[PDB]
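Just the one chain here, laid out as structure tokens, in the form solved without the partner chain.
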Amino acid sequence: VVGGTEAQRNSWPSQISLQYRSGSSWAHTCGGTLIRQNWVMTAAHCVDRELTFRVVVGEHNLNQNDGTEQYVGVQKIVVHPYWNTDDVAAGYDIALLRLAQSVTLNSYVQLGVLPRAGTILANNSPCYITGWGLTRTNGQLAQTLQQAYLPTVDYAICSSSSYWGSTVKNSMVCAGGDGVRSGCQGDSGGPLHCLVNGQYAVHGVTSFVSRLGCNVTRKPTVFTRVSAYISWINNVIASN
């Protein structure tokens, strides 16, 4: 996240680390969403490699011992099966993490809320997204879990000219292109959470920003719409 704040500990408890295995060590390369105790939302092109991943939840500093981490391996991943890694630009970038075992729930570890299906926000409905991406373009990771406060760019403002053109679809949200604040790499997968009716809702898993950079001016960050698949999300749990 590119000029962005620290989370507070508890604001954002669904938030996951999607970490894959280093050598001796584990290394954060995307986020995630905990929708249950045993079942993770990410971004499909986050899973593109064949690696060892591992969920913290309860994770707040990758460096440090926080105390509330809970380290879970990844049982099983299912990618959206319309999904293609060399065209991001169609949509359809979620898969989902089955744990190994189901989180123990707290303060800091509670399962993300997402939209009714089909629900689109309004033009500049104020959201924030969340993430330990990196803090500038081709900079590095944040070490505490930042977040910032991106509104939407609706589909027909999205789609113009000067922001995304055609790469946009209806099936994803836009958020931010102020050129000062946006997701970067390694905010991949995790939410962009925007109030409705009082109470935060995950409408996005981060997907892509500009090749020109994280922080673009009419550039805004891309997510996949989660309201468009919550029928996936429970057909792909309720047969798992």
Contents of the next structure:
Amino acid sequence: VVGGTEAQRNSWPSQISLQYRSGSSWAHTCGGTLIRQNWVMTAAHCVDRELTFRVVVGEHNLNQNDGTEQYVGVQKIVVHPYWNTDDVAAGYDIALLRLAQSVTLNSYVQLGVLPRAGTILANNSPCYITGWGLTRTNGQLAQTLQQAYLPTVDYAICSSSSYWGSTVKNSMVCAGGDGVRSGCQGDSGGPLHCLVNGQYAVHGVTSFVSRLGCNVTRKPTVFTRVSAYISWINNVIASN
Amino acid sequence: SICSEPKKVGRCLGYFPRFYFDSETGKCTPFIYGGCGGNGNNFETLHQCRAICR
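What would you give as the form deposited with the partner chain bound, now that the form solved without the partner chain is on the page?
Below: every chain and molecule of the assembly, starting with the one above.
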């Protein structure tokens, strides 16, 4: 997250760190949202590859065990079947991960609340992006979880020629684009949290930015719109 | 071939450490790949890169 600040520890208890096997250790690559005791929602591009993954819930500092963390393997990966790696702007950047053991829910580990099917946010809706992604160009992953205020840009504005034009689809959420705050490398798969009807709901799954750079004016960070996938999410979990 | 292809990070916001063969410099070199839309000058391992074009 570029232009953000360190989150209060465990203040976003559905946020997960998605890590791939390295030697006998583990390395962060993407975010995710805990949506069941044994399921995580992430980006397709994070897991459409032959790696061994684990998920960390209750995480804040990536290189220090503070006591709220639980480390669980990934049992099953279900990439959206329409996802195309050569065309992120086509959409369908979503995947579900079943965990090899259920996590224990507590004050630090909570399910992300999802929007009702079809929900579209009004322009300039207040949202927050979180993650351990880069905080500067050519930086390292953040040590501690970061957040940034990232208000939505509606489909009409985001699809204009000065913004994203035809690149953005109605199945996506645009947020930010002020040239100060944005997602960056390592933030993919994570939530865009939006306060709607009195609770923070996860309306977005972090997907992409302009090739110009993470933080670019009129190139908002682009998220998969969770509300467009509620039936798909529920059916995969009921079946798998 | 592929070693002559440009370094390409892509649009996605993943954090995937990879290697590419650098032209202005002349050596296989680390970079952060975003996780989608990669091209040919993108190797999961430094040993792949060298064997592949070096």
